[PDB]
Structures are given as structure tokens and as C-alpha cells.
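In this view, the complex is presented without one of its protein chains, the others remaining in place.
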Amino acid sequence: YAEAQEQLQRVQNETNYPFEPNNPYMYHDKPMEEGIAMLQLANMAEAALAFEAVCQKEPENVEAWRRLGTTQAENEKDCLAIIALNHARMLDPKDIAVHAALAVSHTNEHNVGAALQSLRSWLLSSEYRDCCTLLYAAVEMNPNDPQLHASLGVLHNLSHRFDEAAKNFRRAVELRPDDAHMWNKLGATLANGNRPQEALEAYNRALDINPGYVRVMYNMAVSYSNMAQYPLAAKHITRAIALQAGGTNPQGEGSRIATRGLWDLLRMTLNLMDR
Amino acid sequence: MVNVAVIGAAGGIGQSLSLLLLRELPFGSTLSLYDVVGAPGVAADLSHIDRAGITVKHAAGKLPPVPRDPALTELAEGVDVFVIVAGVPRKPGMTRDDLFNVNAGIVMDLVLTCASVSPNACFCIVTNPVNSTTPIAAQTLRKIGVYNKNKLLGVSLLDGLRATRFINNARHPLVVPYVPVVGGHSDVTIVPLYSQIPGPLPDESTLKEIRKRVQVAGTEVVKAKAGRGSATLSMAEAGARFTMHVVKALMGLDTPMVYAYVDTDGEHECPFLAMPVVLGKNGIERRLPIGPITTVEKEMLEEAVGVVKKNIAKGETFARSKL
Amino acid sequence: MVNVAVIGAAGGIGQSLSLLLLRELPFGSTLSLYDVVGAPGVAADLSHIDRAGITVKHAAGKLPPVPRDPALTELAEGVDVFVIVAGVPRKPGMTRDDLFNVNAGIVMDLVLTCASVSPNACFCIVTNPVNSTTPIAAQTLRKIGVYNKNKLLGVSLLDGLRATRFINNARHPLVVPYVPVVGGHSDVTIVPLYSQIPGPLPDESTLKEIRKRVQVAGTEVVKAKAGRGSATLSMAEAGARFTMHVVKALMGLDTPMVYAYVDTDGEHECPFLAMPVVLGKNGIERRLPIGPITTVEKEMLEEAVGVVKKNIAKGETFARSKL
Amino acid sequence: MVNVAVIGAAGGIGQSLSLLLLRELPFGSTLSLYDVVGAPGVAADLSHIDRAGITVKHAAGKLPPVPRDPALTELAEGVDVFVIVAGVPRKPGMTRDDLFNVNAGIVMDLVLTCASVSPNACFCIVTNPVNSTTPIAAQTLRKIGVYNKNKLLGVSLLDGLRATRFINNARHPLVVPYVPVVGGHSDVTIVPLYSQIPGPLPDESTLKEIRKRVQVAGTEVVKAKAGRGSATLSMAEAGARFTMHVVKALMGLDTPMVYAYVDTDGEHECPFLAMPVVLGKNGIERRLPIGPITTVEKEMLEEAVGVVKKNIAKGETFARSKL
Partner (left out) sequence: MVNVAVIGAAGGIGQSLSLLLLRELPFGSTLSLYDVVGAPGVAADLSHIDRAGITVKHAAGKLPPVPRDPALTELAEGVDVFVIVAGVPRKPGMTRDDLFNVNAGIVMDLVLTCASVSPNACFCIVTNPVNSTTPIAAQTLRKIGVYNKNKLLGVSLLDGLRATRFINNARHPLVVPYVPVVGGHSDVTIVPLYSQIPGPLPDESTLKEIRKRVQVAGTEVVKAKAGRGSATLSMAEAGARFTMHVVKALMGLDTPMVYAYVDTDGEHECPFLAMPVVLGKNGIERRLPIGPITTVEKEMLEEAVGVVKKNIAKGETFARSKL
């Protein structure tokens, strides 16, 4: 290494986002092309590693920060996010993607709080009453707009409004039936509303866009565990654990406190199975 | 000695229960209050009472809720008894499917925050879906790795209070203190036991009416209040009495017998039922059998068992879609 | 046999008062309720608590409030004690003139309607502007023509509660059950008596600080609750105890000595003032002298006398405007 | 207002009974002690107690106990409850049934003297035997022409207290308030009803041993006292508790359920039995049936009736010899 030495605590002094070891990607020649190409033709686990490798070189890579947060959301890892997206927002506050992708990360942890502020910042680029007011905005203007029309469901989900969120997704789903993300939302509202059987089929089809969306199959496991067949949940969470990480010599594990979430489900499953 | 913390003492089942506990709590015992809004206004109100030997502590919180509020992590140090009373009211709203989810999203956090700093502490659930929300608390406790079946109770004394009020009016040459009640806390689940009380009983044509009125009780109160609230005054009285019973048992000045809603522990299947137990220094001590049952109550008991089985299953798996 | 009837038992103050009353009344008593809104809902909720002998009765008024409501005259038959709690919250300021005027009108209407049916009853006014509402009730009773100076008791006990709490906090571990307080109930019109208690009083500057705190503790509560609401739980404790004292004095089970806002006949120059009295079977039976005091308290007493003179002067100043 | 009087308050029972009764009488009550010797001393002892609202009045009545003592006639002018306690020590050097002959005349003349002027007063019999002197008192009352089966009670609470304590020691830490005991109040005439209380009972042999232990109860104390006196620290407690129950029922503050040796009034084959009754403002109100009886307990409540029939016959044939 000679001079490649540390740089880790050097970039960590301000960015608390851990970089972890076992990231050989970082020095082949320039990992950006393989990192970006891995999304289309492969999984989405080592892609985050490549994004981290290209990001650690300098903090001015806006693309690296805006993509690392999005990548560390699919592979169930919504604790390594938030801070990275905030740092990306610090670099540019007019950016559209960082604000849009920062709301999906503050609603999993049930933070509420800054999620409404991020939605307002995205749109411009009682707290709830004010946020919902400005949100209406293009109630009709730019109707064919996918992002604006889909944001209504995200607004409804943070107020336990799973009734109209699915309704606006249904129009948003058919507008651009290509990306899996919009389809996953379509599933979630249904699951989170005494309606499991009406979404699982989408969970299967969503997989044909990119077989790896850990979130869809995790929700599959949750829904079937809530829908009788108490086993099966195990025979999906076990492969969830495997595909989640660990294919590159446990990825240089380090802390992996967040991963606990997944592992937890296994228990609640086994137990209800008397095991 | 003895620290009691009411969690959510800023509503109608809040401040009133706190006031009732203030004037009956034993000398030399503190009292803690927490709520996202209105807690300082109650602390500044309960500190102007001439009761001696009682000190009041209070904490507030940010109006936008945040998981693991720092104030609770500090106030929950040294607490001996927790009364989880917060949550949305029993407002009709929409069907039960959403209210249960809303309250599950609250109990999961308000148990996780409290149990981390003070593990050995009795818990009293006085929220909504008490057939669905107690297993949620049990699951939340099991996760962190600490769980004692002898220190988790569901306050279902309101049904007993209602039951020992209608038999004292129709049959009013006599007065009886209490009547056994089994089952759970729901509409078709509560089963009064009128065959275990002294004195002759009226004809069967009236006993069934009394049992039906005991089951369908809160709906008449809701109708009497149109839609602008529910019954809170008569529910804070039962919670205060149960908390006093638990405090006396913990101190060592009584070993009372209470019914509550506790774990069966492999005795009657359906492992969350309302059966009589005896308290003690270390929580539950002995779980007593139901006793002789009239042949007309067995059908009600089996229907209640089935309904509670379904409710237990539905509540012990409240998860989330993440998204 | 008593028939304590509470008027206005639906607001912030009164909901707790009814609950506190219907857990200590003697066996065979009878409660009553009345309000424009929420009275049926309070009655249907309080009737589910097991208390043998206690019977609950209620009535509701019309939304367009008509003076001399027929529903109230039906509840005024065979009543022993009337307690007035009705009022219009506090509002975020809005000057005291309009709030005082509406409170005076409500008190006039309620007192006239209640006293037009059962004359030989007891009135235990609780409304916040005591110093001017009590002479209003006296004037209305004289206008009716059944005025008795021994049955009219404006409740003034929260001052005693605050003074006792402060003394017990600042002189640990000495405990004194009660502390005499004279004057009216407002701002500077209060004059506590600290030289008539057994013990080595701490100092002079600290004692003056305690006097200032007990004088201005009213604004502290409303400042703690942002800018909305008032002291509700604390004020509900000072009414139930006074009502119990009056009830047990009438029933012949006790002859207590208290401090209350009364209709002093002679002795002190003030037409109305709060001085110690003793309650017998027919209300006040003997009026005790104030007793020896200190000059520093004498100046405060003189200032309080002046303020009391002004307040009651104005009280019958605007009351004559009705005629 | 009551004027409870203790007849014979100078022996080993009256002295403690008066002290226990004075501390719990309500406000505005009155006591009345009477005895042939020692009454002024007991009146002087109890006149130095700081209780407020209690008035003590006494009278002593000549040596050579005269027939119809003029002094006792004066202390009978408004008494509402009579507690007959004046008996005689057994002279522990003497034994056999030479106690019935001497106490019968004392009971007769005391009851006649008390009832000759205050017919409307409840009579409580404490002297032994109770089941042989209660018919004597009934005959004496019937002789003078005034009688009331409601206002004639025989104290038997001692057996219930003894049985309640004996079962709490064998079911710790589970406690019960009371245990039903019926039959009589002498040796083999008492039967405890252990199959009418909540909780899992122990095996049969222990139950039989406990049942026998309650029967042989009045002789173990004598053996422990080495033939010098009988138990007197529990009879006073039982009498005080029964008198408190009767007074509270008479004043109207309670409607208790008790077990008293009374006339069955055609509800049983025996003319006198210890049936469970409920008191009230005019004495006995209802006579509850005994209820379900265990098969093993049937023979006991068939020997008890047989022996009590002979006891009542022996006690009632004595009245014809006198008068």
C-alpha cells in the first residue's frame, strides 16, 4: 500500500458511515464501471461495495453518495443509509433524487420528523398540516408525473392511510410498469392492511425486473408468516440471510448491528413453530 | 421505596388516574409522569397538594415522536412499577383492524425504551386491544432477552367491577364484594361466573340477561356520549385499584387475590387467559384453577377459548412491511 | 340520607369532583348531575362502579340555554347541598371583564333557579372569582327572600393546601396539618398566618419569599401549561374535602372547624371576609376571633381589607344594574 | 344516636368489651355500664379518654343482689341495644352441669328488669350456654306480653372466628374473610361448612381433623390455663364486633350478613338454629337457606339437630318451674 495506508478514519472524522474491510474492489483500476454495470446484470450487494470504494477516494463525488444510499436500501440495510443521503444533500440541496430517496429511509425507522421536511424540500426543488398543504400543490398539474403521484402514497403511509396510498399507487403502477420500486410500494400498502393475498402475485412478478430485491421477498416472508403456513417463512428467511450479504468472505463484516433486524424475524418465526 | 411511573398521563385516563394514585399511595414513595405534551402542566398542578412524603418527577418530549426518546431513558431509572396507559382513545374511528395496528406501533416503542434501563419492573397494561396488545408486549420483552412471566399482567378488573354491580341491584336484599370473571376482554369473550357466590340466585331467564349486559357494556356508554369520547372515568378507578394492589404486594403488607389477564403457563391451553392468581413479594406466586363450572357455562367458555386463540395468534405476529 | 347535587359536572373541573365524591359518601347517599352537554355521558359512565347504597341521578339542559331550565327544577326537589362549579374556562387572556361578566351571569341564573325550589339548603360556591361571586349569591338570595347568613360558604382551601405544602417542603421533617390563611382569594388579597403554628419558624427573608410564592403561585400553573388551560386537578381536591366536611357536619358525625369565605355579622369591619368558623348541624354555629398577629402581618391585613372593600363594593355595584 | 349499654361490665369480659366498644362507637353516641360491684371504678377508668362525642353513664346496684334492682330500672330509659354479659365464674374447683341452674335465674331476672321498660331494644346474649339461655330469654319475654322474633339475637361469632383462623394456617399464602359455621354453639352441636368457600380444599383426613379441632375448642384454653379461668380475650372481641355490626345496621350505614343463633320461624324442623341472616334497620330482614351440603357433612348436621333439640327442651322446661 505504501501510501494507500489508512484514509478510513480520515474520511470517517466527519462521515461516520463505516467503510468496513475486505473491499479489494477499491484498487483494481477504477471500480465505477463494474459497480454501475453490476446493477443491470447481477445482484445489488457488491454494487454497494464498489460504490463505497469509488466514494472513499474523495467526498466530492456527488454521484457516489447519491447512489450508495440508494444501493444500501435494497439489501435490507436501512441504518447505513440516512447519514449518507444527508451528506449528499449537504453537497447539493437542489438535487431531486437524494430528497426523494431520503423519505423512504425515514419511514422504515418510523422517524417521522425530518421526512416531512425532506418531502417539502423535494417538492420546492401543525407540521403535518403544513406539509400536506404544500404537498397538494400540483394536485393535477403534471398528472402524468410518476414521482409526484407516487409521493402521495408515501405521505399517506406515514399517517396510517393505507386505504388511499394503494389507490394512488394503482394509477402510479400502470403509468411506468418497468421499475420494481413503484411495484414494491404497491405490495406494501396491501400487506399493511388486512389484504395479503392480493399483493403476493406482484411480489413474484416484481422479481422478474431484477431477481434480488431482498425487500420484496422479505415482505413475502412476512405476509406468508401472517398467512398461516408458519414454516416456509423459515425457508425464505434462510435464503434472505444468505443473499443479503456474505458472498465475498462475509464482506469484512465489522459491526453489522443493523443486520440484526433480519435475524430477529427468524426467532419470532421459529418460536411460533415451537422449535 | 417504591417508584410508580404512569406513561401517558396527559389525557382522560391519565391525569385522573394520577390524581387517584396521589392520595392513596403509601408514605415515602415518589411518582413519575411522562407525555409528549402537557406533562409539565400536570407536574405543576400535582405539586400543590398538602400530602406529605410524596415527591413528583416529570419529563416532556418533542411533539414529533422519535424512537427511544432521551427523556424516557433518564426518567425510567430506578422505577419499580410501570403503568402503560398511553395510546389513542377507544374512538369508534374505522374497524378494529387499524386501531390495533396504531396501538401496536406505540406499545412496541414504549416498552422497548422502558425495559432497557430497568429490567426488573412490574408492567401494567391498561391500553386498548388488551387481548391483542399483551402478546405484543411479551414479544417485545422476549426480543431484548429479558422476560419474566410473573411480572406481566393485563388490567381486566373493569369487567369484574361491572359484573359486581348489576347483581347487587336486582338482588338487593344482600351485598357481595366481588364475582368471578373468566375469559378475556372483548364482546363475546367475557364469561361471568355466578355459580360461585353465596346466596340464592334468580331464575335463568334473568341471569342470561345479566350476562349479556355484562358482555355488551361499553357500547351503551359510547352511544350515550354520541361520538365525542368514551368511558374514561370508570376505567381509571380500576387501574388505580390494581396498581395499589400491586404496590401493596410488592412492599409486603398484603398478599391479595386478583384475577387479571396473565399467562396460563401450560395449565389450560390458550396461553393467555383471565384466571384467578395470588400476588406476592415477587409478583405472581400461585395460579389457581377455575373451579367447578355449571354445564351452561362450558359452551361460553369454549367459544371464548376459540376467540382468544384467534386473537392471540393475530397479536403475537404484528410485524411490518418495512418498504 | 343526603342528596348532594353538583351543577356543571362536565367541564375540566367537576368531572374529577364527581368521581372523588362518589367514592367516600356515606352508605345510603344520593348523587346528582346536571350540565348542558355531556351530563348523560358522565352519568352512564359513573354508574358502572360498585358502591352499594350510592345512587346516581342526572338530567340534561337544552343547547339554547334558557333561564330557569325545566330540567333543573326537576332535580332541585329534596336536595340538601348545592355546589356550583359552572364557568367558562380561562381563555388566552382576553381581559378579565368579559369572563367575569359571563361568570357572574351564569352564577346568578343558576343560584336563582336552584334556590327557587328548595330554600333551606346549603350553597358551596366554587367559581374562581370568589370575592365577587359570593356577594352576588348573597344578593340574589336576599332578592328571593330566604337569605340565611349561616348557609353560604365560598370555598377557600387551596391557599391552605399551598401554604402547608410549602411549609412542609421548607421545614423538613416537621409536619403541620393546616395553616391559617385570612383575607380574600386573589393576588395580594391573601394573607397567610405563619405565627400561629407550633415550631421554630426558619427566618424572615425566606418567610417573605414563601409569602410571595404562595401569593403568586396561581400564575405559575398557567405559565407552565404554555398559555392554555388552568389548574384543574389541584382545584378539584379542595372542593371534595370541603363538601365532605359540610356533609359530615350536617349528618351529625362531626363538628369541624374550618376557614371559609363567610358573611361575618359584626366583629370585623369588612362585610365579607374569610375567618375561622365551626360547622354544626345548622351550618356555621360559632365565629372565632382572628387572634393575635404581628405588625408585618398587620400591614398586609390592612391592605387586604382595602382590596376586599373595593371588590365587594364593585360586586354590589354592578349587581344592581339588573334591577 | 345510640345508647348501647353493657350489663355486667365488671368481670373478665365486660372490662375489655367496654374498652373495645368505646374506641369504635360513632360520633354522638352513649355508653351505659352497670354492675352490682365495681361500676364506679370502670366508669372512672373510661372517663379519662380524649374521644370526642362519647358520654359515659353508670350505676351500681347493691350487694345481696336484690330481685329487680331499683338502680337498673333507672339506667333503662332510652337504651337501644342491650348486651347481656353478667354471668359467674365456674369455680374451677367445680365441674359438671351445676352451671345451668345458677345462671338461668340471673338471665331471667336481668332480662325481665331490662325489658319491663324498654321493649324496643335488641337483646344480645353472650353468657354460656347460649343455646340453653336464648329459649329462656324468649320465654321470659313472652311472659310479660311483648315479643319480637326479629329483635332477639344470640351471639355465636366466636366459632366463625375460630374456624376462619384455623383454615388460613393450612392454605398459606391464600386467605379468606370468613368461614360459614352452622348448627349450635356447644361441643358437638357446631358444624363448619368448609365446602362453600373459594379455593382448592385439602384432602379429607386433614379436613376431618380440622373439623374435630373446632369442636373441642372451649377446653384447650382451660387446660392451658391450668384450671384457673376460661378464655376471655376472644369473647370480648366477638361481642364487640357483633355489637358494632348491629349498631351499624340499626343506624342505616350497612346491611351486613351474619350467622346468629335465632328462631327459624317455621323454616326448619328445629325451633332455634344458627341460620345465616341479614340485618337491617329493624333487626333481622331475611333468613337465607343453608344451601348445598356435602354428603359427609350430612351426618354432622343430623346429630347436631338431635342434640340441640334436647338442649332446647331442657332449657325451656326450666321456665315452667319458675315464674
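List of remarks:
Which chain is which? They are A, B, C and D, in the order written, and residues in each are numbered from 1.
Operating definition for what follows: a contact is a pair of C-beta atoms (placed from the backbone, for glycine too) under 8 Å apart; a residue touches a chain by one contact, two chains touch by 3 or more.
The chain omitted from view is touched by exactly one of C:91, C:286 or C:298, namely C:286.
If you put the hidden chain back, the residue from D:98, D:187, D:220 or D:303 that touches it is D:220.
Only one residue in the set D:175, D:188, D:201 or D:251 touches the chain that does not appear here, and it is D:175. Taking the complete complex into account, D:15 is the one of D:3, D:15, D:131 or D:139 that touches the chain left out. Remark: the residues of subunit B touching the chain excluded from display are 1, 26-28, 53, 252-255.
As for the chain not pictured, it touches subunit C at residues 173-175, 180, 196, 198-200, 255, 257, 278, 280, 285-286, 288-289, 291.
Take subunit D: the residues that touch the chain left off the picture are 15-16, 18-20, 23, 38, 40-50, 52, 161-162, 164-165, 168, 175, 220-221, 224-226, 228-229, 231-234, 236-237.
Just so it is clear, only the chains that are shown with their structure count from here on.
Between the CA-based centres of subunit B and subunit C the separation comes to 35 Å, rounded to the whole angstrom.
Averaged C-alpha coordinates put the centre of subunit B at 45 Å from the centre of subunit D. One simple way to say how far apart two chains are is to compare their mean CA positions; for subunit C and subunit D this gives 49 Å. Among the residues of subunit C, those touching two or more other chains are numbered 52. Annotation for subunit A: no residues touch two or more other chains.
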